[PDB]
Amino acid sequence: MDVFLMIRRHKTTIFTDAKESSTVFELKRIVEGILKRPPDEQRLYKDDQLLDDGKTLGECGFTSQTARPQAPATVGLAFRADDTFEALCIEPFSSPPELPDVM
Amino acid sequence: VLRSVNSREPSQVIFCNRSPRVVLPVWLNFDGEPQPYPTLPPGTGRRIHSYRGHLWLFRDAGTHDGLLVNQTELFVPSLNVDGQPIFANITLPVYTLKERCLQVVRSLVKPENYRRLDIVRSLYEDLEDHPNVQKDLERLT
Amino acid sequence: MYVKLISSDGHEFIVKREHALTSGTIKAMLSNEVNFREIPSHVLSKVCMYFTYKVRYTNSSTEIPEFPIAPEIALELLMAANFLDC
Ligand SMILES: CC(C)(C)CC(=O)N1C[C@H](O)C[C@H]1C(=O)NCc1ccc(-c2cncs2)cc1
Numbered sequence: 001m002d003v004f005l006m007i008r009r010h011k012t013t014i015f016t017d018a019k020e021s022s023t024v025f026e027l028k029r030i031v032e033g034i035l036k037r038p039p040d041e042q043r044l045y046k047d048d049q050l051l052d053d054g055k056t057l058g059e060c061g062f063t064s065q066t067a068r069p070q071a072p073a074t075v076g077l078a079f080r081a082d083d084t085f086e087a088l089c090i091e092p093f094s095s096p097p098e099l100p101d102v103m
Numbered sequence: 062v063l064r065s066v067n068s069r070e071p072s073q074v075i076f077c078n079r080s081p082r083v084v085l086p087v088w089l090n091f092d093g094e095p096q097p098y099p100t101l102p103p104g105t106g107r108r109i110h111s112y113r114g115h116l117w118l119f120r121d122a123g124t125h126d127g128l129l130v131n132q133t134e135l136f137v138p139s140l141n142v143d144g145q146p147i148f149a150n151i152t153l154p155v156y157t158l159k160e161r162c163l164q165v166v167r168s169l170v171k172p173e174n175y176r177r178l179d180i181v182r183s184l185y186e187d188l189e190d191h192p193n194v195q196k197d198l199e200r201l202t
Numbered sequence: 017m018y019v020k021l022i023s024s025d026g027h028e029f030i031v032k033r034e035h036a037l038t039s040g041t042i043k044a045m046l047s058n059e060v061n062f063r064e065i066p067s068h069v070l071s072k073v074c075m076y077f078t079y080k081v082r083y084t085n086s087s088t089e090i091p092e093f094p095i096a097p098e099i100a101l102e103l104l105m106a107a108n109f110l111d112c
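Protein chains in written order, with the UniProt record's numbering: chain D, 1 to 103; chain S, 62 to 202; chain W, 17 to 47, 58 to 112.
You may find that some hints are simply not true.
Said to hold, decoys possible - Think about it this way: if two alpha-carbon atoms lie no more than 30 Å apart in a straight line, the pair counts; the simulated DSBU-like pairs of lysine-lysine are:
1) D:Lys36 / W:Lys80
2) S:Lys171 / S:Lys159
3) D:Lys19 / W:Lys32
4) D:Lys55 / W:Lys43
For the record, the hints were derived by calculation from the structure and aren't laboratory data.
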């Protein structure tokens, strides 16, 4: 079963999919292919929680009926610059304006 | 051109609304005029008597947004094999993002106020060009 | 194989090339990053979500769910979808 994701760090957002049975580490390989940083220099998060490499996306709560194509789940991403990992930071999207008087 | 064939051969059909919309079934009668029938709420179904060669299409009762039936525009009841009805499976199409946007805008703004929206003229025209059954009958023809 | 769509406010959205080629406008802007000076991120993220949605449910027997659009973003999204022809 496919799960649909936004892997997010700072102002970077990756839209991809993975299998419910796939591992956190395997997700990091996907990130490696895209952002050119190896898994050891990556941390993945669900909200505030640090994810473990060996756990499946299913165990970590990304299921096919919550991580949907039209409304995918967010996975936090943080990089290690050299010695220590940065703190998890996700820039929010811009805000929509006031609804026009007619709406 | 698009009319039901007056076959007089009964065909039982299950209208199954697997959409989130209130569905209006439309029978194209023998002179090509669209005849509306009672509506189906979301997720409901009805066993109905129709006829072989009859033409049906299905819309959103409120907005007339187009729907699919067994993956296509038109449903034509076929021969019943071994006392089993024909399944007519009514679903949402994959609307373009543009048309979907237009549906939501139409649903929030009264037609009298489209001109007050701050958008290029051509979108104002696209909003006023509502989904219409006669239009699609000409398109299908 | 991926492409980068950048919103007016700097957000960088990374999607599969074939998902982005949905849009004829983007196909043209590529023939591999694209900067959208009129599309804020709260709209472009929705555009990307639609790509995923279209690719998943185009020619599919599994029942199709409604693609959701908040009233707050509908106008802006309409403008973008019109420009992108998707
Ligand atoms: C020329 C007539 C309309 C008498 C021929 C006819 O009997 N028709 C035309 C179509 O084939 C359907 C059929 C008919 O009207 N059947 C009765 C019927 C009643 C209600 C309904 C529906 C009930 N709920 C949604 S549709 C469907 C069929």
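Right, here's what the structure says about each hint:
Proximity of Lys36 of chain D to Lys80 of chain W is assessed by CA-CA distance (about 28 Å); at most 30 Å being required, the pair is judged to hold. Using a Cα cut-off of 30 Å, the hinted pair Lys171 of chain S and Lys159 of chain S holds, with the two alpha carbons roughly 19 Å apart. Proposed proximity of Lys19 of chain D and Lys32 of chain W is supported: the alpha carbons are some 17 Å apart, at most 30 Å. Taken as a hint, the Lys55 of chain D and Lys43 of chain W pair is broken in the structure, with Cα atoms around 38 Å apart against an allowance of 30 Å.
Consistency note: the structure conflicts with earlier hint 4 alone.
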